[PDB]
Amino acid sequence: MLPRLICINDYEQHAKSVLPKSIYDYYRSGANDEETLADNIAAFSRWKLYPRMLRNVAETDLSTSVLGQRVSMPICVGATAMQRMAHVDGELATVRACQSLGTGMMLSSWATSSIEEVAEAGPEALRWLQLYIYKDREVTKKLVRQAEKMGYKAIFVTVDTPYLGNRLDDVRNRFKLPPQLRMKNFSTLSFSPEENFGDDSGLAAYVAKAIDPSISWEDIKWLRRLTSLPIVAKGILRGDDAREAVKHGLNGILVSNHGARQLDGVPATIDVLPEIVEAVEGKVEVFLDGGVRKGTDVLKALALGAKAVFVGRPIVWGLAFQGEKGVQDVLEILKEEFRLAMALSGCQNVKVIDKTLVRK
């Protein structure tokens, strides 16, 4: 046949058909027995919608803002590493699609494109940097300074990866970068497949060499002093940690279990979102990622108090289909599904999406 891909799941199925197994598995995988991976999706199904009828939904407006910057929809691209494994244009394709859509891209720290290259490809795109605190704080500071210089509008500091999760397929497949690719923002720090990264997942060994497992809230204080950019804590799952992030002067929480790729057996993000929204008392924006595949997922997250959601894997499946055009397709599908879900539930804009729309 000819691909007729009409929902995000179709893009995944296409991706599985065209990508090398090792690459598909790297993108697909969760940690260990993948309990949380299943739950990120199943949990959305347990939250039921209570639509209002007869509200006038002729002129649905999906626009909102993220950390003070306007976006066309509350659906943004989350950090996924090494996008050139899915399509030759990788992160440059992604940022161009975001520019077209009027939404934001969170650039991953082990991107196969540089901070500068991505800014050059998407100068008008809303762009943020996802950061790890590397053992080498000079590396870390340089990334932040480059993000500042190159027009990025926030730092998302990932806090759930002091070590890499155990993704069994990567170990089985002995996963590594294809030989032509590198992490472009750093030989060892660039994750060269030529370097010695052990006999298991090359990625886990790389993380153990690069990322600082000793970081504490003291290092958050350091990062807060380092930059005036908005900072979002990415990977928070507890209310008490969320309150600590507010106390440290951070500007947002991304409720995330890292796409279920870190600690397996944590709750679904949609299930912990209410706890986190309650804990921060409106003091910072709260975002969600993990398991967003459909317009109704977006609606449910916003009903429970998220400002916006991020999508990880769907973007990679877009790339695998057709680079920039494929990412645009995936974002347009999510946009249209969200528009329809809003309209059928009686919501003419995002400001009227309330907690009475959902019940578990």
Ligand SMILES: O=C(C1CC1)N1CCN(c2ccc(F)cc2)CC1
The other form holds:
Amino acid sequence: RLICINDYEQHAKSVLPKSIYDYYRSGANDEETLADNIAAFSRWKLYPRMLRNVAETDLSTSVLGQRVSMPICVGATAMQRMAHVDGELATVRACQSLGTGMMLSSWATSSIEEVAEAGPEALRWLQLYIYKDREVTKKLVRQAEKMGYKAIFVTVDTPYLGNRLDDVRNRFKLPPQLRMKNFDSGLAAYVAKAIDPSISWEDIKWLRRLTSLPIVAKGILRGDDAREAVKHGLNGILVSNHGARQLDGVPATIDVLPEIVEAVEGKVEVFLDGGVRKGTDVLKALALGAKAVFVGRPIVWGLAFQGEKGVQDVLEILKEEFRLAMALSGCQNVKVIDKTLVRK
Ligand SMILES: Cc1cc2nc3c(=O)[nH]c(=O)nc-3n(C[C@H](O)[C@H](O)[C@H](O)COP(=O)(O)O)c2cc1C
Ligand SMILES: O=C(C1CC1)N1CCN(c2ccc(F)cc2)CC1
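Same protein, different form: I have the form solved without the named molecule, so give me the form deposited with the named molecule bound.
In what comes next, the whole complex appears, and the chain from above leads the way.
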């Protein structure tokens, strides 16, 4: 049956209700950037070195000072219990098994504490939105601190929700037995009521003063903004177009990655998400200077297949594809994955 990430998507389409599959699949508007996040990887070609001794390939690396087994981590995707009963608890358990990290959504169907209890040994980070209610927002930061999360990924590309046409057509809402546990399209309306469209760099200053945890700006697409994040004392940039769900017609993340790596001059780690489906995608992102990549939808398809086991399967497929891509390219470890491996 399922031997690559595309197979898990096809399986998920067959078992999920249409409205749920569409919620997870969709991009914004005409979905131009959704297609490009994948197509763009194909335009970057690989230039493998031969004869380098790849008997011992070491995939390990570090994200913000914490060791991981592979440069492939789980991105925040809301409302995982729609895909499988165990939702975020299945995901964190898989991450713990694999030795990689999980970025927990602010809009999770499981609490900060519940996820820490299911994956006490797992590397865990909190994705944060700046809510109009700053008391709410501070409580989430404080809970992440108390519960052993290692960083805050502040999402900065969602002052309002993007217009995902299928969610408007299906009038998307949660199924009746689920809730966001830490507190037209129903989600777009939720955002307009709860999420602060006024936030600015001044609010980044506030968040930087609020916690000593490492803070990564998630959703940056311009070099000037990346430089501003560094000036505000943030500790990394997650180059992201929100899975192509916010502004349609922005570039693919792999295409804007080099500008952002150049702009930050090595001062902070740069990460990528958007369109990662294959081990060669991971290799390309690392050659262009990303420390690690995050996967969004593939994790949800793993949950839809088989909960914890299906997430573990998806992560193991990515890990093995990445190992093979490294070996065929002549790379024994991540430290020798250099820029001459790729050209556009
Ligand atoms: C179904 C879905 C839910 C998402 N929920 C969140 C969220 O709660 N918070 C957030 O910052 N980003 C959210 N994102 C964006 C992801 O964190 C990530 O940027 C994106 O999924 C990466 O692209 P990929 O799905 O192609 O791997 C979501 C994406 C999807 C597809
Ligand atoms: O994260 C959540 C939900 C998952 C539970 N909340 C925090 C922000 N709250 C907020 C209230 C009023 C308001 F006008 C703006 C923001 C309510 C929603």
